[PDB]
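Asker: So you can see what is in the structure, the chains are spelled out below.
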Amino acid sequence: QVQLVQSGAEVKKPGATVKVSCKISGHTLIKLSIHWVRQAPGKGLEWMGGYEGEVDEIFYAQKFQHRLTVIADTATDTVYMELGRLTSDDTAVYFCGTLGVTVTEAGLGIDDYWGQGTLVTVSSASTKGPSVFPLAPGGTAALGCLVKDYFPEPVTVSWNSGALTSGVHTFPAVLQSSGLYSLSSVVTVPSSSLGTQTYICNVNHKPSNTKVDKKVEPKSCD
Amino acid sequence: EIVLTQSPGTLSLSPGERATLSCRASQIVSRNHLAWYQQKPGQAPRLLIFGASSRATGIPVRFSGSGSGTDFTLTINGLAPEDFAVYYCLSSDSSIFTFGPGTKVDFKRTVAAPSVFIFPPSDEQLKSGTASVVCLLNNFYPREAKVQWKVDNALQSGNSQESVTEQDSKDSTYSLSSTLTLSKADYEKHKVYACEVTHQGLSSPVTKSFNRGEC
Numbered sequence: 001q002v003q004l005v006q007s008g009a010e011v012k013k014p015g016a017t018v019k020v021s022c023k024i025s026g027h028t029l030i031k032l033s034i035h036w037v038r039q040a041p042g043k044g045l046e047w048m049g050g051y052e053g054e055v056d057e058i059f060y061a062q063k064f065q066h067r068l069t070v071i072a073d074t075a076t077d078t079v080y081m082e083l084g085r086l087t088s089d090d091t092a093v094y095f096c097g098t099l100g101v102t103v104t105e106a107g108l109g110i111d112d113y114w115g116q117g118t119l120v121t122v123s124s125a126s127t128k129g130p131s132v133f134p135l136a137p138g139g140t141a142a143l144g145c146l147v148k149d150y151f152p153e154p155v156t157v158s159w160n161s162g163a164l165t166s167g168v169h170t171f172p173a174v175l176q177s178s179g180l181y182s183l184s185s186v187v188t189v190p191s192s193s194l195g196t197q198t199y200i201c202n203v204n205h206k207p208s209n210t211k212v213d214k215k216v217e218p219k220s221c222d
Numbered sequence: 001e002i003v004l005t006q007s008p009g010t011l012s013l014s015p016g017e018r019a020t021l022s023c024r025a026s027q028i029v030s031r032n033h034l035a036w037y038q039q040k041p042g043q044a045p046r047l048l049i050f051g052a053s054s055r056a057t058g059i060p061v062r063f064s065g066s067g068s069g070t071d072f073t074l075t076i077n078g079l080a081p082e083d084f085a086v087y088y089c090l091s092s093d094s095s096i097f098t099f100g101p102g103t104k105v106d107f108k109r110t111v112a113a114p115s116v117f118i119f120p121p122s123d124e125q126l127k128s129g130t131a132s133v134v135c136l137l138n139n140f141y142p143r144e145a146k147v148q149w150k151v152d153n154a155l156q157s158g159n160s161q162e163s164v165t166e167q168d169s170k171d172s173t174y175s176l177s178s179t180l181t182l183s184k185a186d187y188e189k190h191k192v193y194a195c196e197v198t199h200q201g202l203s204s205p206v207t208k209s210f211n212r213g214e215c
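Same order as they appear, the protein sequences are chains A and B.
The letter at position 75 of the first sequence is residue 75 when you use my numbering, and the numbering goes up by one with no holes.
The letter at position 12 of the second sequence is residue 12 when you use my numbering, and the numbering goes up by one with no holes.
Please keep in mind that the hints were generated in silico from the structure rather than gathered at the bench.
Among the hints, erroneous ones may be present.
No more than 20 angstroms apart at the CA atoms, straight line, and that leaves these computed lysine to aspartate or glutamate pairs for EDC-like [to be verified]: (1) B:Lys40 - A:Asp112; (2) A:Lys215 - B:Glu1; (3) B:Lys40 - A:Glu46; (4) A:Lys215 - B:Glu166; (5) A:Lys43 - B:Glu166; (6) A:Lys63 - B:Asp123; (7) B:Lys127 - A:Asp112; (8) A:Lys214 - B:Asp123; (9) A:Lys214 - B:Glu124; (10) B:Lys127 - A:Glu217; (11) A:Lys31 - A:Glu10.
Non-contacting residues of chain A with respect to chain B, defined by C-beta distances greater than 10 angstroms in every case (computed) [stated by the list, open to error]: (12) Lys12; (13) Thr28; (14) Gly44; (15) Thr87; (16) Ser124; (17) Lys148; (18) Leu164; (19) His169; (20) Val174; (21) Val186; (22) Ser192.
No residue lacks a Cβ here, since even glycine has one placed at the ideal position from N, Cα and C.
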């Protein structure tokens with residue numbers, strides 16, 4: 001019944017400041033270790049700093065301490081991280097987690113509670129919904145949808161309103177030199193189904209309220 | 001400061017096999033402050049081992065750790081399907097924490113060459129002034145693959161991006177896309193668009209290509 005709940009996704013311009021919260025229920029901050037750990041897309045875990053409730057002390061990674069403040073509110077069981085002078089290097093998922101060990105004569109104590117993560121995107125880009133373009137199709141054919149030029153993450157894709165799942169690969173997005181994201185979603189299907197079965201990709205970019213259903217039709221030389 | 005390294009970068013093993021993951025510290029660290037975490041895509045990390053060798057509550061008995069000084073290991077004695085994930089060691093001194101770079105444990109299946117498909121830009125996209133050409137490498141193993149773009153035999157460098165799926169939970173393969181971006185003007189000034197794929201499963205590289213304008 002212990003729960004750590006973080007605040008929602010953030011989009012910030014370079015040079016701005018972000019503040020992320022981590023709220024504890026089912027437990028008390030004064031009995032907990034709460035540390036901030038971030039993860040850039042496709043990269044490893046990086047400790048930023050944290051709070052030890054027993055000693056009421058804050059700790060910082062030297063890499064960040066000039067622009068990072070950690071705030072503990074023992075009255076509301078909430079811990080905050082405030083990171084300034086943001087750049088695109090700070091785009092990452094930020095987690096709060098109970099990293100600290102208590103060393104007593106009776107042994108080692110540790111909790112393992114984690115928040116759900118908070119995505120922070122640092123960019124000059126403006127919110128923009130994607131354009132969806134067809135990737136038109138032996139015994140197996142491939143087809144797909146190109147979901148191009150959107151900001152920020154995330155985007156979801158289904159096929160035939162969720163009825164088509166086997167053989168689908170929706171790729172992780174790439175960040176283009178324009179600062180806009182792009183991804184493709186593909187599916188392999190029987191080539192004998194191309195004249196019969198309709199294939200529609202359902203694309204949802206909630207940050208821009210953009211929903212698109214794109215029918216993908218085969219190419220023929222006949 | 002403590003600095004942690006981990007080896008191997010990627011460990012490819014089959015279910016039932018014994019995985020040994022290594023963590024090395026730049027200086028002697030307290031055994032009380034050496035831990036191991038598992039992480040799967042889209043999820044927070046999960047504690048496996050603390051104090052170098054103590055198993056966390058609810059962690060299966062096949063996970064163990066040992067070591068002292070600068071050298072520590074995590075052992076998964078008989079991999080289960082749910083164990084394919086990334087593993088991080090973690091150390092601290094005076095509540096200053098440092099994560100190792102992580103070791104990915106992926107599922108070792110038989111080598112499978114990719115099926116390769118090339119997609120020309122749609123006419124709809126071309127009307128906007130840009131052309132994306134997509135090359136798909138489908139359902140291959142292992143993950144390492146090389147894609148080369150050629151436009152009328154000119155090697156394209158710096159104008160493509162790749163993406164790779166996570167290892168499939170049913171057939172343990174990977175898939176990869178490579179997307180070549182050109183202006184509409186450049187696209188219409190050239191004819192042959194080719195994606196050349198190299199992979200250990202392929203005895204020779206596979207080229208998929210189209211002639212602009214062909215059906």
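Asker: Could you run down the list of hints and mark each one as holding or not?
Answerer: Hint by hint, here is what the structure shows:
1. Taking the CA atoms of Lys40 of chain B and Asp112 of chain A, the gap is about 16 angstroms. The hint holds against a cut of 20 angstroms.
2. At roughly 56 angstroms between alpha-carbon atoms, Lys215 of chain A and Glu1 of chain B are farther apart than 20 angstroms, so this suggested pair is violated.
3. Restraint check for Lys40 of chain B and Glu46 of chain A: the C-alpha separation of about 16 angstroms stays at or below 20 angstroms, so the hint holds.
4. Between the alpha carbons of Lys215 of chain A and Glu166 of chain B the distance comes to roughly 26 angstroms, so the proposed pair goes past 20 angstroms and is violated.
5. Distance check on the hinted pair: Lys43 of chain A and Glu166 of chain B sit about 14 angstroms apart at the alpha-carbon level, within 20 angstroms; holds.
6. A hinted pair counts as satisfied when its Cα atoms are at most 20 angstroms apart, and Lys63 of chain A with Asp123 of chain B does not qualify at roughly 49 angstroms.
7. Distance hint between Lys127 of chain B and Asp112 of chain A is unfulfilled; the C-alpha atoms sit about 53 angstroms from each other, more than 20 angstroms.
8. Between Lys214 of chain A and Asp123 of chain B, the direct Cα distance comes to roughly 14 angstroms. Compliance with the 20 angstroms bound is thereby established for this hinted pair.
9. With a C-alpha separation of about 12 angstroms, the suggested pair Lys214 of chain A and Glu124 of chain B falls inside the 20 angstroms cut-off, and the hint holds.
10. Taken as a hint, the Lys127 of chain B and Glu217 of chain A pair is honoured in the structure, with Cα atoms around 18 angstroms apart against an allowance of 20 angstroms.
11. For the hint pairing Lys31 of chain A with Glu10 of chain A, the CA-to-CA distance comes to about 29 angstroms; that exceeds 20 angstroms, so the pair is violated.
12. With a cut of 10 angstroms on Cβ distances, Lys12 of chain A stays outside the contact zone with chain B, its closest approach being about 22 angstroms.
13. The non-interface label for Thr28 of chain A is consistent with chain B: the shortest C-beta to C-beta separation is roughly 19 angstroms, beyond 10 angstroms.
14. Here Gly44 of chain A does not stay apart from chain B, with its beta-carbon only about 5 angstroms from theirs, under the 10 angstroms limit.
15. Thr87 of chain A, annotated as away from the interface, keeps every beta carbon of chain B farther than 10 angstroms; the closest lies near 21 angstroms.
16. The non-interface label for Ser124 of chain A is consistent with chain B: the shortest C-beta to C-beta separation is roughly 20 angstroms, beyond 10 angstroms.
17. Consistency note on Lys148 of chain A: stated as away from chain B, yet its beta-carbon is not over 10 angstroms from all of that chain's, at 7 angstroms minimum.
18. No beta-carbon of chain B is positioned within 10 angstroms of the beta-carbon of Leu164 of chain A; the least distance is around 16 angstroms.
19. Taking the minimum C-beta to C-beta distance to chain B, about 5 angstroms, the non-interface status of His169 of chain A is violated against the 10 angstroms cut.
20. The beta carbon of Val174 of chain A is not kept farther than 10 angstroms from every beta carbon of chain B, the shortest such distance being approximately 4 angstroms.
21. Here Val186 of chain A does not stay apart from chain B, with its beta-carbon only about 6 angstroms from theirs, under the 10 angstroms limit.
22. Every CB of chain B lies more than 10 angstroms from the CB of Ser192 of chain A, the least distance being 17 angstroms, so the non-interface label holds.
In the structure shown, a violation is registered for the earlier hints numbered 2, 4, 6, 7, 11, 14, 17, 19, 20, 21, in ascending order.
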